[PDB]
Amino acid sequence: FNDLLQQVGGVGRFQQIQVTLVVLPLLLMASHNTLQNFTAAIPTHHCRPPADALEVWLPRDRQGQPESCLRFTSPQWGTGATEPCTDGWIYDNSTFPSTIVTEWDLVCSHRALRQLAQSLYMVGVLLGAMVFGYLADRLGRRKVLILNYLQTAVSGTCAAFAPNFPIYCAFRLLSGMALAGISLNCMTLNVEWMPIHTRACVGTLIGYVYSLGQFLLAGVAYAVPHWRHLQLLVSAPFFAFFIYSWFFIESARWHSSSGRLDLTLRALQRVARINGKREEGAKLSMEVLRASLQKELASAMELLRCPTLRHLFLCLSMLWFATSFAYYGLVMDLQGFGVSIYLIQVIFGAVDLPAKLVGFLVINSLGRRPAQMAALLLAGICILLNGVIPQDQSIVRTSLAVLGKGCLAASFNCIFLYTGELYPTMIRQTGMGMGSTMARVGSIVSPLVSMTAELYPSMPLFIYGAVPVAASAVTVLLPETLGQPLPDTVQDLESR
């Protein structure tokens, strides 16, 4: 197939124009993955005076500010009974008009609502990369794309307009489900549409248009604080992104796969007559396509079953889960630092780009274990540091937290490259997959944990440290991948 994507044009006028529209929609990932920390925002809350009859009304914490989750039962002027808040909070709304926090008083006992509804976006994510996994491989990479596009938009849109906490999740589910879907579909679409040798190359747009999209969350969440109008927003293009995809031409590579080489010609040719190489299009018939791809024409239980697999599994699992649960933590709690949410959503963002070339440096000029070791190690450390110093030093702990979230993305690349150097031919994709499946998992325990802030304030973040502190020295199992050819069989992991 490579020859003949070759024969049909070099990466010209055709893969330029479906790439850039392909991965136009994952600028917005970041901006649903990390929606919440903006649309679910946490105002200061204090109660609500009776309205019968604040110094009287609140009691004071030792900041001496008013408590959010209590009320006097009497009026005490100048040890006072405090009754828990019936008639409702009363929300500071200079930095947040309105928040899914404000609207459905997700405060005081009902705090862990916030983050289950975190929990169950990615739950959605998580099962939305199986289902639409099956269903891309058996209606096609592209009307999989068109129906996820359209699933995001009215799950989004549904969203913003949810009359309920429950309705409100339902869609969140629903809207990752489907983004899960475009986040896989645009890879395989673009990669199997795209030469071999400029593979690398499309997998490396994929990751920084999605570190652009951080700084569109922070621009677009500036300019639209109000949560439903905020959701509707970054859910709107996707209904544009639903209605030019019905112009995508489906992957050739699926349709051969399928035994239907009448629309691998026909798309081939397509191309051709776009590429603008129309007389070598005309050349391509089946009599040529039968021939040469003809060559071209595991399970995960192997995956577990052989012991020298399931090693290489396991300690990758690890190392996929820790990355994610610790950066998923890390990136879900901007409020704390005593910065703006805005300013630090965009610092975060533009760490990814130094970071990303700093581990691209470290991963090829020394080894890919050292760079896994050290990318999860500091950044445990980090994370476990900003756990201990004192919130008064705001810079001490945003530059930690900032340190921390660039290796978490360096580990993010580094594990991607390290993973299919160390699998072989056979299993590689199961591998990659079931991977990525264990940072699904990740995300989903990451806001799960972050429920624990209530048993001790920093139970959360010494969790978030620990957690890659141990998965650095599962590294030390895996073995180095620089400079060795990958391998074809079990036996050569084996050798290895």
Contents of the next structure:
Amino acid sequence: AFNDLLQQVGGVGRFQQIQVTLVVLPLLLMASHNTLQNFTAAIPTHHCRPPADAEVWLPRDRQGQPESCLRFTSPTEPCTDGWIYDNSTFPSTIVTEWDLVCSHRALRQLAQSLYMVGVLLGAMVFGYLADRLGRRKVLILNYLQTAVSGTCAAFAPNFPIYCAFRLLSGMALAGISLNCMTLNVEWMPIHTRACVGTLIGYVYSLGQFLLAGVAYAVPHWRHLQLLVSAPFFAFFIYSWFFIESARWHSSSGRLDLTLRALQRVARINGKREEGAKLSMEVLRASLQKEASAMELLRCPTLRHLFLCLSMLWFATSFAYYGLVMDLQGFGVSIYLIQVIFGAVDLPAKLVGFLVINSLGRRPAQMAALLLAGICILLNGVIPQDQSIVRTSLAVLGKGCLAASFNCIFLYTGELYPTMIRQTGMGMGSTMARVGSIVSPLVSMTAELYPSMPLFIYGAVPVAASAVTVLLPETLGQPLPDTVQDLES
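For comparison with the form deposited in one PDB entry, please write out the form deposited in another entry.
We keep it simple here and write out only the one chain, dropping partners and molecules.
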């Protein structure tokens, strides 16, 4: 009956209207910190450096554009003398610093994959150490780490240092992302748990506008990294005034701390009379009523349901974080493609919340996944000459993939039983990060063919859009209680 207590103290009061916004404000920067290897690691046009023994020194081909690997040995040799990058649009990036061109093309992908290898470990470690130390105690440490290892990478003199510090930044953000929602949904009432679940996805897709603005205001990569990883100091200085969630104190056993927190919340809300009316016996008599991750195995009815959902999660995340990168090659500047990839997410949700309720979950999911797969696969056929009909397919695929996220999140929840639903969505979201790890590794093979990555990104969602023909429909039904009554 804890919700009745929360309603007694005031329900949704000024305390919530302050702490909720102060905790959800630091998610305007996660979009910037995720898709940064588009403005901080761009690749400008480059050609070999002629020896200062003096124009006609480069074996140009393919419509006259100079080669990028040979230098006419005598007036067909590897460069070994540094390159001469252009400085008209990208004055400085990572690839300009450490010469990641024509022999070390895999290093950008290695950095982007090492940033995402340190989001899995983050979501694991800072999720295990959150319900054992405190939500606020972990928020403070993460707000600190994501700025003591995110501005010390903007001053790195080597490549491995940059890689390791980006890994640590990802490790911190992967704990901020969990603890935000976990702490935020515990001080709200029970009837407003879905109005705060669609606010961490409505302010999440506003970081892309901020990125398209900032990265255009500040082109250099060191200044950009520093200016994007600086405000976490301000977000950390005031991170001591947060109030710990009373439900965690209640679960841990210590009830006097819960009573103190509730009295403080009552004083803040302006209900001192009912706050002092609260006592120890009242709480002891009102809250006296108060799942293995391996049980998914050795149980066919659960394993058969887990495999399909894992495949759907993986395919969606893989296609998404394979498409949202490589904004170069559409004939239009990146500062205009970002503000179009981030402004097509409103219709992709207004239609997702209009097709699932009218037909179901299976048809909407399958349609979104297959249409995104086709729109992705069709770009690896049309030649790069077209530039008006080659970005529309990209924006359509991105919208369809966002709709796929928003539908699979609800479907996985409504599908599982009620006791294992907490550790089912966890194992389902974990498989949405192995996808983001293996997504940039595939883009390395673009050396073997100029379109094989685009073909790989197009076939996995299509091969996954045929898995939903094995899952039960769950529109207009009661949520299944146990594994026994889960039949149809």
